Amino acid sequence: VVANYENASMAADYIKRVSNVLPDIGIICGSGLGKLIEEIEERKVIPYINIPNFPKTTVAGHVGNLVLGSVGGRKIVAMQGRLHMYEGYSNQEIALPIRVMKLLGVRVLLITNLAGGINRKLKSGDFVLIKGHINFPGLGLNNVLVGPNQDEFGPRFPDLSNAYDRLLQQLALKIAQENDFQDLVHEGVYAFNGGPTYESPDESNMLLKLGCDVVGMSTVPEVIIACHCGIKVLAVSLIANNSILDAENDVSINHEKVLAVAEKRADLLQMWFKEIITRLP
């Protein structure tokens, strides 16, 4: 199924008929970072399998729902169960849910992920406000926009220089300062490793040379689809480890360690994103 105007329209029509919510904010949350979704008020849960044209997710399994409702007095739509390109989903499957958000009225998209630290200032449990990216898939002919352009959504050749909104980064930092956790908050450049293997020790060393601050396996595809259709983005990485220190000390990384860092920071991140939503212009 192509992520075109007609197919996105049919999905949006279904959602409007069952939910009654017209959202202007969308959220996509990293693994272990989804508690805010469970606290959406007056919520409507819409399984992906019930939505016309949504991608089939039964091979990977686990949860896959759109959740609409209110947070901090604002109307939101959340993806509960994220689609990642290392799972084998196509460009069209990743793009369709973001283009549905656009047709529903979304103007701002808030994203979190788990990532490895490259910059030597970064420690496990730190946050990074993403200010730019290095898209290895895109340089290598696997950009999320390879294919015919869908002209109703945006231009053939997008400019990404303002993909990460500067005022949203400033608001996130201001809230951290108000609650005395600004010592955990950095800014940086995100390298997209297609995955699903963690970056090797020698890949980490290369990324240091190339000016990358953090590395992960998500986020950039959704940012590009959002920027193409005019949705503003804030993206925040939670640092699971420093891959450069681990390489120098011969220390390993695993998904269990990543999820334990997520559990340690989950409540703080939930409160931070609730306040960002409340305060958005």
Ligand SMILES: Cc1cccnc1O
Contents of the next structure:
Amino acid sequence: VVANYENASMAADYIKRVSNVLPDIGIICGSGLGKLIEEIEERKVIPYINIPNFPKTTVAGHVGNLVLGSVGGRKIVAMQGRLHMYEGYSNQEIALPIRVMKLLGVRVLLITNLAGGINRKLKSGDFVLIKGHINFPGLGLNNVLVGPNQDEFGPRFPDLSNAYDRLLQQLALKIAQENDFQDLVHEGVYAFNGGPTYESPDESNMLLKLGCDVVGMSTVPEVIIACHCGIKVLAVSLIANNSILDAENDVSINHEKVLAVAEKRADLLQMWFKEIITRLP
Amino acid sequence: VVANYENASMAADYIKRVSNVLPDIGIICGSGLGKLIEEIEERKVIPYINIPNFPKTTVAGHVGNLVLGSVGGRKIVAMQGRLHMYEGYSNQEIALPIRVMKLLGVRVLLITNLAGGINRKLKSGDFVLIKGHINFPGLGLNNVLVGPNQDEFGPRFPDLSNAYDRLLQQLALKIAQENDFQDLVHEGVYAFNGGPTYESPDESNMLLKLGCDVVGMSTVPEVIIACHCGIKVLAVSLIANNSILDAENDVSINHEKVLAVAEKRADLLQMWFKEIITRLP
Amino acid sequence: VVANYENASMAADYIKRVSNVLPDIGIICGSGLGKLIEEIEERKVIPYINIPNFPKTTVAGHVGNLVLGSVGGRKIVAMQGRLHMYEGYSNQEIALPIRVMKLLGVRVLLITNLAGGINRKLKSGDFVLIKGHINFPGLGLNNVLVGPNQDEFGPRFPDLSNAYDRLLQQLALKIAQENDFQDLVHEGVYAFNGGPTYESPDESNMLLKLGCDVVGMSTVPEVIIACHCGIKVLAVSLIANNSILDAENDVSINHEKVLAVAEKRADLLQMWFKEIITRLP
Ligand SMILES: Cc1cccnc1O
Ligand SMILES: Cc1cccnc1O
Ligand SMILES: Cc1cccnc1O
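Having seen the form deposited without the ligand, please provide the structure of the form deposited with the ligand bound.
Whole complex next, starting from this chain.
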């Protein structure tokens, strides 16, 4: 199933009939960082498997729902259970849910992820406001837009220089200052590692030389689809570890340690994003 | 359809029956840089869709013809409407037209493209004679030669150290000097970005550190297929912008601006390549 | 055919019925470096084409056998005829033979390859004990583990920081010292170039800047599958040339020259690996 105008329209039609919500904001939340979705008011949960043309996710299993409702008086749509390219989903499967968001009325997309720290100033538990990226899959002929262009959504050759909205970064930082946690908030450049293996010690050393501040396995595909169709983006990484220090000390990373950092910061991130949603222009 | 000896032979047979031209030179021209094709003498236009085993191009649409005839007393074959890998064409679809050129008798391939400038000496409107490349798709398991080797055309493991003929570069520069436009002509290393998004500001900064002079989304696949089967290559980039300066000044690039640079230099490039064709050893 | 638990089990069942050997050690040998396989004692040769669920290799042709028997009193299984990703084999085809080794009882995998030298200390004929890697395909969305995770074999997100066992490196060096050829033995970081074109002169210059000591077209996929399922690895590169010196002197590389270096070092490598097998803890 191609992520074209007709197929996205069929999915949006189903959603509109079932939910009655016309959302202005979309959210995609990282692993262990989804508690806000359970607090959406007057909400409606729609399993992906019920929506025409949504990608099949039963090989991976686990949760996969679209959730619509209100937060802070604002109408939102959330993806609960993200699709990642290391699972084998195609370009067309990643793009269709974002293009459905566009047809539903979404103008701003807020995204969180877990990532590894490269810059020496980053510690476990820090947040990074993403200001740009290095897209190794895109340089290497695996960009999410490889294929025919869907002209109704955007241009053949997008410019990504303003993909990460500067005013949204400034609002996120302002709110951190108001609540006295700005000491945890940095800005930086995100490297996309296709995955699913964590960056090796020598890959980490290379990324330091190349100007990367953080590295992870998600987010860049969604950012590119959103920028192509005119949706503004705020993307925030939660830092699980510093991969450069770990290489110098021969210390390992694993999914258990990552999820423990997520649990440590989940409630603060929930409060922060609730306020961002409330304050969006 | 595999780009093998039998399938390439069937296409060449059709072409020979229809055109009567036995070409020694092939040309592939960049977007907005194809006016020379409309001036081929005693010419024959063959739509791709009519040629056995040529790749299907109707999803992308737009022009797609093989044009044969004479320029400067020399017999040539041109591709009008290039196939680019960001459109989703496979390795086999890119390679078949170049291998048909080989069977028709082509010994020299001349290629032009539009590209972004990385080296600080490059301005919009400059030309770069390509002397080597950095093939991000090839390092990342998307080389145009991934697949079984077609032994009739070339070896399993090609050496690319002489892919860009030095004497052809020297002839191109000599002709620029004769016509007093050598101040526009540089040499440099070309980075292949799979595309279709333009290099991001932070990707541009990385490429500067890695020794890249220019970056674009084409050319390297065709060069590799030509080198594999013993065809000599001259490749020239027309510079649309300097991506490093644009990053320092927060200035955007887009296809409209690219095509305007192409229109500004089209007539000079046409005159230059006509003389190169005439003077080839 | 997916490299899952059921399919790997069917292949292992066939092998066990035919060979009667329960191996503790697996070996994968580079081109021209397979003489040790012909000296396995009380051996059994099983063509890949006869084993249920093994990948089809008839397009490439050439040899493809699993060989079981004894070396130095130890039970081993060897792959004779390696599968390389530049031939077009999928992730699932590369992984299945390694996962069969795991089900047969393999705890240690020994691997050899031919590679290009980047570090200025490396000459043709030198050996490099691999201590880490830079996986360009993995960064670029072509990691061997892209796809659903096979949970019976290992975790969704592997850590590769200890993929190259330190004690096995130390044993290999100890044996070189005992036989007075330690002057040929170095350690280093291996860059994976998907291939099949040799690294270009400008790619070589880039790899020097990025901290790479050697570059080749194999090994990293097998290492990752082995690490995922808990098999310890020793990987050794035989250096065919120094690509940085060749770029400075405009000298070419080719498969003939590579195979001549293999023939020059084959007997010494055979003796070294026989002793390593005998001495493994
Ligand atoms: C998610 C993650 C955590 C730590 C390091 N690297 C990553 O990709
Ligand atoms: C064609 C092009 C123009 C300007 C920058 N980058 C590119 O790839
Ligand atoms: C196998 C090989 C030999 C020399 C240089 N590069 C390579 O990949």
